[PDB]
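From just these sequences and the hints, can you work out the full model?
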Amino acid sequence: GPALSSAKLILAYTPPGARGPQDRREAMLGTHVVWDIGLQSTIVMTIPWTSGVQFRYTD
Amino acid sequence: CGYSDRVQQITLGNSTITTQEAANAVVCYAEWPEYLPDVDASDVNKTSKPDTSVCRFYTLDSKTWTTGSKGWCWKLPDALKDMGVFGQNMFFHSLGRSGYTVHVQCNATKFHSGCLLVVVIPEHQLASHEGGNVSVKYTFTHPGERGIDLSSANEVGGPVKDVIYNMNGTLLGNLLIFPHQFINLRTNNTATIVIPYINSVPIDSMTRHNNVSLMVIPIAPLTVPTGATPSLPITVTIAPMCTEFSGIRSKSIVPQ
Amino acid sequence: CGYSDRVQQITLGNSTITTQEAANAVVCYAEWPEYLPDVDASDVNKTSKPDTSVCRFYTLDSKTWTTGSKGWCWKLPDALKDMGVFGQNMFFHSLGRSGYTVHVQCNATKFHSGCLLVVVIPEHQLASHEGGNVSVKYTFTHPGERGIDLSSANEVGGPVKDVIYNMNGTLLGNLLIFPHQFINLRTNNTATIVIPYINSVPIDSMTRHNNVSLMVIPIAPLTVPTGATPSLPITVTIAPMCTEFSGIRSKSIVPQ
Amino acid sequence: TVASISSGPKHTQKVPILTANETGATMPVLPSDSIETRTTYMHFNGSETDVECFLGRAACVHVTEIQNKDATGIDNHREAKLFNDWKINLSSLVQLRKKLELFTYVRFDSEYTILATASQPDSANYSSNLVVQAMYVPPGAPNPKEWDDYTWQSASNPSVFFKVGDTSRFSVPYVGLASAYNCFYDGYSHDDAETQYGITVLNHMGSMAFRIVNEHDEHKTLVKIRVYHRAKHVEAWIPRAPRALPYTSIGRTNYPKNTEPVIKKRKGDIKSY
Amino acid sequence: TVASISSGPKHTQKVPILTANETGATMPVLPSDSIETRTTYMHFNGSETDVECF
Amino acid sequence: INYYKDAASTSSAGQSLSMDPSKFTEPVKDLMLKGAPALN
Amino acid sequence: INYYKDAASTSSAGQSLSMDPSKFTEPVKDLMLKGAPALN
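Protein chains in written order, with the authors' numbering: chain 3, 119 to 177; chain 2, 7 to 262; chain 2', 7 to 262; chain 1, 17 to 289; chain 1', 17 to 70; chain 4, 29 to 68; chain 4', 29 to 68. A prime marks a further copy of an entry chain.
Hints may be right or wrong, so weigh each one.
[As the list claims (entries may be wrong)] Some chain 2 residues judged to face chain 4 by a derived CB distance under 8 Å, without partners named:
1. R12
2. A29
3. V33
4. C34
5. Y35
[To be verified] Simulated pairs of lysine-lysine, DSS-like, Cα-Cα distance not exceeding 27 Å:
6. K62 (chain 4) <-> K26 (chain 1)
7. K76 (chain 2) <-> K281 (chain 1)
8. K257 (chain 2') <-> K257 (chain 2)
9. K236 (chain 1) <-> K97 (chain 1)
10. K26 (chain 1') <-> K55 (chain 2')
11. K257 (chain 2') <-> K87 (chain 2')
12. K257 (chain 2') <-> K87 (chain 2)
13. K76 (chain 2) <-> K116 (chain 2)
14. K114 (chain 1) <-> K236 (chain 1)
15. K281 (chain 1) <-> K114 (chain 1)
[Claimed, not checked] Quick list of simulated restraints, FRET-style, between CB atoms:
16. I183 (chain 2) <-> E231 (chain 1): 47 to 57 Å
17. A36 (chain 4') <-> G8 (chain 2'): 54 to 64 Å
18. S37 (chain 4') <-> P272 (chain 1): 51 to 61 Å
19. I183 (chain 2) <-> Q111 (chain 1): 35 to 45 Å
20. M60 (chain 4') <-> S123 (chain 3): 22 to 32 Å
21. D34 (chain 4') <-> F70 (chain 1'): 17 to 27 Å
22. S119 (chain 2) <-> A64 (chain 4): 19 to 29 Å
23. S119 (chain 2) <-> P139 (chain 3): 57 to 67 Å
24. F70 (chain 1') <-> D48 (chain 4'): 10 to 20 Å
No wet-lab data here; the hints were simulated from the structure.
For every residue, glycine included, the Cβ atom is placed at its ideal position computed from N, Cα and C.
See the structure below:
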């Protein structure tokens, strides 16, 4: 967006076992990054490996 | 050298259990429960250890042992899903790992006769009564604190209730290979079994899988003296131990 | 010597907050939150420390700042009673102690004008609008995550809503004595205030008492450019910090 | 190593034959504790009873028939027996299933040996020189759909070609996602009221597709392909109560209704010999 | 070799999650940079992903 | 002599020679010695 | 043991064990360290 434009966004990752989130309050209960859009144009949120089993199937 | 062995007491958090007619407590595979070490860990989320807030004894509703009762079955951690902060953490976290100290109590007088086999079976995968390739529905395998009564009738989509075939196609006399203890009313009023985490993975889903299944099965039937009530109360007490939780997320949704 | 100070980020548990237009974060009374030491403790029950399972950022429902909005008020820990495991532990334990990292966010363009006073008041004891000796009912003082809107009308048995008199008989210009920060839209998009445990006792009831009250009050009214919407969103983010719980017991019952 | 120790008369206040089996411990009482014995040696090591030896000999796991015939006038080549698919599992044969299912978790390297045998039930003048292709289809890879499908090219999937009448043999490392295979699973695929119990991707090794790569001839030859599995470097955990009743399905613990008694009733009373 | 390092709370003026992908560089941000992690090992070498194996 | 690159290509390891049945026969918290009273 | 004269007759070399993704992930003139501002 424009250089004089502003926005604050919440990136939320919900581990398996729980419903796909329907609200920000539901998503914010999980792993999340609040991103203030400013001089740094890009956010990088790393999805941590959350699993019991050591390997997941690609299919 | 003057001492006694029947008196032992276990204090976990703010709860204390005392006994005067105990048989030596059993520790499954001679291994005390322990936290997941870094050399075995897979998920990178740092684990939440709630200590004394969850590591304490919870009493399950008492069952009535009659002369015609077939036995009783409980699934863990499902049996503790409504028990305080352990029950909430178990639904608020995606993955969990926990050991347990099981303590079964059945007190009687010096005239009563009967013997219970208290045994813990890892992955006690139940058989449906319908045979063929029929599956056991989630609602019958995850009953919660009221457990499974083996004396009741079979149900559609439910597991089989023939105790002699262990609800899975093995005979009852062979259950002694799994960590077990007998509550022989002539010798004991309490069985105790300390279980470590038993799974092929380091940490796992607590809502989709039951790691162990606790079975209390009367072998020698209850024999009450002439004129006494033909029934005796059984209380099961379970404490989570060396508990680990990982992957916090919105509250988990399960059937019913 | 080339560096910038407006960029700072706070990671608590599995949540991370990032900023590009921040004013230096405030630490109340220059004291970082800490666990209760043995030299000050009174209750002998060993405290449950849930660490990363509760010590993380929770976002409260956003409020809409209009040109006629008077201000907003939240009570702690009441505002977090429905937030995950913190909300359950807070009702399952008889006593609790906790610090908090408050982060208020209000982003706007380079043409917008306005300033918010974000201030934390310990024991912000409210006055009823009826005067005399009338008390504020529990239900109006403990609203939860939706907080108190000072722009709304007064209610029977409720607190007074005149923001200028701070709902307690003091003037708004004097609130600067309490730990505060301004969100001047021309300079900042975020206020941050780290609060230690403030009470006359070492640990206390979390259901009957609110230790601090967070107030966000627009001083200079919102001035939007010609043709823009006369409204701006405000999001409040709070994380429990250095949290202690004691005296586990059956779940606590509160009004409504 | 001594099996039985030399032991004479006993007159003591310590009684090793009296105990409390209620404790769940089976006391290591020896022959020398109940009667007077002589010194003898074991002169045996127990190599044939090792878990590596009990599970480490070949057993057939699958048998399937495939045919060399023209694909003209056929809509389904698998139903015409031109190619066949096997969902890899070791639970189809009860002799092997009961041995392996005696433990809860087992981790082992596999060794497959495939035996293909030809037969001409219809008129044929010579023994055809057929070549069979065995293709491993791991979960996610496209299972062959036709006997001459593009999938058989096998640009990345493991594949083996051998003459009918002869055999092929290839080793397979431990392919489970977890640290050990689960022989039993008291759980579900997801938190759902109608999902599958026990049978789940925890026991999904993949699939194997079998075809005759030779073109079709004028005569029909039925080829019975027999897969044998032999385990290497075997480790096992949590010993279990042995299976007693006959089985009804792969990967599930069900038994038939109206089953016969498993206890061999004695002829006479409890006192007869 | 360590996969994830042990990492606690973060309160700093250095923000590893904010960057400029416009530079054509993909920053080596780790799980430990967005949330608090425990020490775990790779216990894997990557032999099946070598160009000689692919 | 091994004729292949992988460990999965190898022959069996023989026998695990150090055995201990006690973890299955006597998995009890307090250790019990035979001849002494099991209970007192 | 090699049974032929040519290098082309040999089996694979296994794996090139020393890897470095930086030449593809960060092919930038000035070196950028994570946490410091990418641009200033």
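Hints versus structure:
For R12 (chain 2), the suggested interface contact is upheld, since its CB lies about 6 Å from the closest CB of chain 4, less than 8 Å. The interface hint given for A29 (chain 2) is met, as the beta carbon of that residue sits about 7 Å from the closest beta carbon of chain 4, less than 8 Å. Annotation: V33 (chain 2) was flagged as interfacial toward chain 4, and the flag holds, the nearest CB pair being 5 Å apart, inside 8 Å. Because the beta carbon of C34 (chain 2) sits about 6 Å from the nearest beta carbon in chain 4, less than 8 Å, this interface hint is met.
With its C-beta approaching chain 4 no nearer than about 5 Å, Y35 (chain 2) sits inside the 8 Å limit, and its interface hint holds. Taking the CA atoms of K62 (chain 4) and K26 (chain 1), the gap is about 15 Å. The hint holds against a cut of 27 Å. Distance hint between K76 (chain 2) and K281 (chain 1) is fulfilled; the C-alpha atoms sit about 22 Å from each other, no more than 27 Å. A threshold of 27 Å between alpha carbons decides the hint, and for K257 (chain 2') with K257 (chain 2) the separation of about 18 Å falls inside it, so the pair holds.
Under the criterion of a C-alpha separation no larger than 27 Å, the hint pairing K236 (chain 1) with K97 (chain 1) is consistent with the structure, at around 11 Å. In summary, the hint linking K26 (chain 1') to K55 (chain 2') is supported, as the alpha carbons are separated by about 19 Å, within the 27 Å threshold. Straight-line distance between C-alpha atoms of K257 (chain 2') and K87 (chain 2') comes to about 12 Å, which keeps the hinted pair within the 27 Å bound. Simply put, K257 (chain 2') and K87 (chain 2) have alpha-carbon atoms about 15 Å apart, close enough for the 27 Å limit, and the pair holds.
Straight-line distance between C-alpha atoms of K76 (chain 2) and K116 (chain 2) comes to about 23 Å, which keeps the hinted pair within the 27 Å bound. A distance of roughly 38 Å separates the Cα atoms of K114 (chain 1) and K236 (chain 1); the hinted pair therefore is violated under the 27 Å criterion. Under the criterion of a C-alpha separation no larger than 27 Å, the hint pairing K281 (chain 1) with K114 (chain 1) is consistent with the structure, at around 23 Å. Between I183 (chain 2) and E231 (chain 1) the beta carbons are some 56 Å apart, a value that agrees with the proposed interval 47 to 57 Å.
Under the hint 54 to 64 Å, the C-beta atoms of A36 (chain 4') and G8 (chain 2'), about 56 Å apart, fit the expected range. In this structure, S37 (chain 4') and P272 (chain 1) meet the distance hint of 51 to 61 Å, their C-beta atoms being roughly 60 Å apart. As the Cβ distance of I183 (chain 2) to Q111 (chain 1) is approximately 21 Å, the hint placing it in 35 to 45 Å is violated. The hint said 22 to 32 Å for the Cβ distance between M60 (chain 4') and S123 (chain 3), and at roughly 25 Å that hint holds.
Take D34 (chain 4') and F70 (chain 1'): their Cβ atoms lie about 24 Å apart, and the range 17 to 27 Å holds. As the Cβ distance of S119 (chain 2) to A64 (chain 4) is approximately 28 Å, the hint placing it in 19 to 29 Å holds. Separation of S119 (chain 2) from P139 (chain 3) is about 58 Å and conforms to the stated range, judged on CB atoms against 57 to 67 Å. For the pair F70 (chain 1') and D48 (chain 4'), the supplied restraint of 10 to 20 Å holds, since their beta-carbon distance comes to about 18 Å.
In summary, the structure is inconsistent with hints 14, 19 from the numbered list given earlier, while agreeing with the others.
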